[PDB]
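Only one chain is given next, in structure tokens, and it is the form deposited without this ligand.
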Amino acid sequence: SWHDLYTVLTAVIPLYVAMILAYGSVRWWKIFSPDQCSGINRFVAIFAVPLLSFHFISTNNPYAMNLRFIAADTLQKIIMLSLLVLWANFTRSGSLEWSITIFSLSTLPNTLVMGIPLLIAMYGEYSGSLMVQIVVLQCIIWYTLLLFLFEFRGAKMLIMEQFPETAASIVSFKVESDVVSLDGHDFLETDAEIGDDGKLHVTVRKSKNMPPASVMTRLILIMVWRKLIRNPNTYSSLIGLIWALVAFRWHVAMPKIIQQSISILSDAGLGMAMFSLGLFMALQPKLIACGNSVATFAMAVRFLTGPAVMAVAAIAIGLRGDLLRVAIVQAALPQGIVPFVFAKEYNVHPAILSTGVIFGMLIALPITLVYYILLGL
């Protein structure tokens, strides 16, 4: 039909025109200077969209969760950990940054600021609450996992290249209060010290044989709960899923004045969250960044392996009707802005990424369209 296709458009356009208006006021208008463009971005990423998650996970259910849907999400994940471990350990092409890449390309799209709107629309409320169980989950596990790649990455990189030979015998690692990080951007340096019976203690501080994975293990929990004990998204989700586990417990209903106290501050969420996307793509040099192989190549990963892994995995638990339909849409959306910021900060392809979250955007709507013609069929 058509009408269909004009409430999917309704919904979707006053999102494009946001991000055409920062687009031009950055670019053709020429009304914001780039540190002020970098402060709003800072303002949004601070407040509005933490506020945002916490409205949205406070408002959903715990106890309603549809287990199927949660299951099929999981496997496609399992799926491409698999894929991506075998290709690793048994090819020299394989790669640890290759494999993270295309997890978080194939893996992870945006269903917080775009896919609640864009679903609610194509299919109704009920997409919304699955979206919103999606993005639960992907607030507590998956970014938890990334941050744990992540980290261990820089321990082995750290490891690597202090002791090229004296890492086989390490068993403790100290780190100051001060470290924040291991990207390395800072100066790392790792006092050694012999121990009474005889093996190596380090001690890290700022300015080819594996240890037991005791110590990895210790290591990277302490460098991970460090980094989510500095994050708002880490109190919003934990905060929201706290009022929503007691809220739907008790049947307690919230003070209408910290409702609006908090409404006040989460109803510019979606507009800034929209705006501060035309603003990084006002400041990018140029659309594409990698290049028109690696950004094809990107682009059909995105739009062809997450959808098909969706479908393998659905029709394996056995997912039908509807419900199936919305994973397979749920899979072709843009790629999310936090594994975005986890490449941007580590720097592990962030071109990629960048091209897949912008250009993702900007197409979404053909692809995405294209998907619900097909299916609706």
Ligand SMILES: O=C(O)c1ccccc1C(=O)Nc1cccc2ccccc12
Given for the second form:
Protein chains: 2
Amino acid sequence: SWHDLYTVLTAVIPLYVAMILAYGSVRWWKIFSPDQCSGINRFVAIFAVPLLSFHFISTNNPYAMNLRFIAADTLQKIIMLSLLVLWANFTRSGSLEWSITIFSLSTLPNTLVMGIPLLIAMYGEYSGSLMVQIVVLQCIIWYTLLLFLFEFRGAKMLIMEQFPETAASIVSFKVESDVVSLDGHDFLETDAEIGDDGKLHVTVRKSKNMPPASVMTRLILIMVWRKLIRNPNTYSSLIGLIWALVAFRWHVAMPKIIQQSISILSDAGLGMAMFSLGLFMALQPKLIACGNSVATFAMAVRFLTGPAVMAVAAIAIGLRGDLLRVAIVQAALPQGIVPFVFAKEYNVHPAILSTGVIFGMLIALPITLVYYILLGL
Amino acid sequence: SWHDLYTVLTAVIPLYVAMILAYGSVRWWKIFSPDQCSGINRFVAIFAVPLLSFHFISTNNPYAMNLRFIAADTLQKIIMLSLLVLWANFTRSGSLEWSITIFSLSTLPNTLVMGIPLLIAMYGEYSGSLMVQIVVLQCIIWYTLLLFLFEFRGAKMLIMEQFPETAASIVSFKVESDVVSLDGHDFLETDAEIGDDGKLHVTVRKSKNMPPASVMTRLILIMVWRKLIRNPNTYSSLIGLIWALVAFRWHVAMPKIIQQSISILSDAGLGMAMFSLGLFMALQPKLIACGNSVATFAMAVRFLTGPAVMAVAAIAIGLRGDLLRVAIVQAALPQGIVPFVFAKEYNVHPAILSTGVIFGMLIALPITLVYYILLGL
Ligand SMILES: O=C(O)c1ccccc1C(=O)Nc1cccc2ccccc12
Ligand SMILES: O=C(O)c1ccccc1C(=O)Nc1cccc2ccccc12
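Can I get the form solved in complex with this ligand as well, since the one above is the form deposited without this ligand?
Now the full complex is given, and it begins with the chain already shown.
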């Protein structure tokens, strides 16, 4: 039908209009400097997106979630992680960094900003509720798992670099409150002291055998905790979830004054997010960075494997009707911004993630419309 | 009543919440740098406020304006300008810069951003329509008159500095397209050539007798035109007015796609404007700049003379009922941002205007509520 296509275009075009206004402001008319661009982008990340997340999560009933949809979204990632573990351990070509990159490319799309409007336009509001559930699960669990993997990689690198042979003896790790992460952008001294028992205790402070799993688990937990409490999305998600539980349990309503105080800043969310994406597009040198073959492989993964694995998982679970179409089209979305931020922070194939986010945002309208049409027959 | 006070507080508090969030981000938690602050502020000025103006103006019917309200708002400024001309010409203590500053302090409040919500909360939506009419008149006429006065001052200064004695002979001025203003921040050479007729022609190019009024008028018109076409508010106001005329004449409706493309960026307007005001508050060194006595005089002017002159003009015109209260409370609003921008640009008592905007924004809630209560009896 043509009315459906017009409705999808009406929903989706203004986001691209904002994106291209930002792109032209930086590129054609030169209205903003790189520092002003960074200021706008930091405002977006700190305030606008987290408040949008609080607005969406705090309004969705957590007692009425769909269990089969959650199970399918979980089984996709379980399948991918099982395949990646098999490949990484039983194939000499395997590696942890490529496993993380493939998992992010194939499992974690942009769901909050453009997913909800696009899916509401395509299928209705209940699709918006399903996308909100997906957002909650990504924010609480899978982003946390990404933090765990990145911190484990950093800790392994530090331990190998510092204690090539003594890594088996160490039993205790002490991290001073100054340290906040193990990205490798800080000068991390590592003192070693011999205890009365004859073992070695380690203190990591800001300036091939591994230790037993217990001390590694303790260290990873400490560092994940330290990064988790400095994350605006953590507070937004947790406070929104707790408020939703209390409100839908006791039917409590927020006072109008607090609600308006939140809304006045939440209303800028979608527009400022699209503007920030346009700024990111304008700041980079080339629209394609990784290259022709690598970009082709990344796009193929994102737009075929994710949908295919989702199809297999959804058929195995027993999804049918329009839930299956929603799941597939959601899996065919462009790649999310949070994994791209993590790739920047830890420098793990950031160019592929950049190509994903930007180029897939550009080409998702035709690809997603093709999925819509083929599934709609 | 207490319900009315609660409603006004509900309408007004979230603006202050956004302002204080920006203030704390810059001052207490140090989230933004001065350059990032400038980027956010420039985004606000270029995009958010102009699109908010287009949204408000393009939706207000220009065939149903109130003529007595317009006449009262015009007569206030006519009275003030007559008094200032008398004082400036017939008193040795008079001056043009002080006349401009007093006119701005006593006539031109912040009407677009906080005036419309506050007045709608106090009196209803029709008050919002009246405030929209006031916004239109300020944007088209009085801001243009301020530009004329500032450019006349700049031209007089340039002519006196360059041609102390020959200013009477010159008959023709040529300004090269490179020049855009006469603020004094540019190195403006002034070539003089003798014509065959024996008169002197002048070319002002980027690097006590006045000339006849005709050449001065021509020069002022050229420069006012050059600054008028580089002003986002000019385009927003003119296009909104033309669209409103056409739409309310032929009942044409904008297509949903264009309307949403505008709205996605207009929705950030009020919140980003309050955030920018908070940033301006945080960036300055002292909340009071001009001093105790000068600040007292400026506040007294803003919050007593404007209301008093408006009362006299509204009684003379014949305003009664609630229109009179609306006019007085509108006159008691804090000082507008555009005259403050002009004072920055031309360096004409900018500190007094800064105190006006910021401190009056802080203290307008009690003062304006006092006006509300006293008029409400
Ligand atoms: O990665 C995502 O897109 C995502 C998915 C589900 C829930 C939240 C997010 C999320 O934080 N987005 C963003 C974070 C920071 C900056 C962003 C700028 C633009 C768009 C999304 C952003
Ligand atoms: O001066 C005013 O407040 C005004 C009055 C009527 C119509 C428009 C305006 C106006 O452009 N405001 C502003 C311009 C530029 C930046 C601003 C930032 C914050 C608030 C208002 C702003």
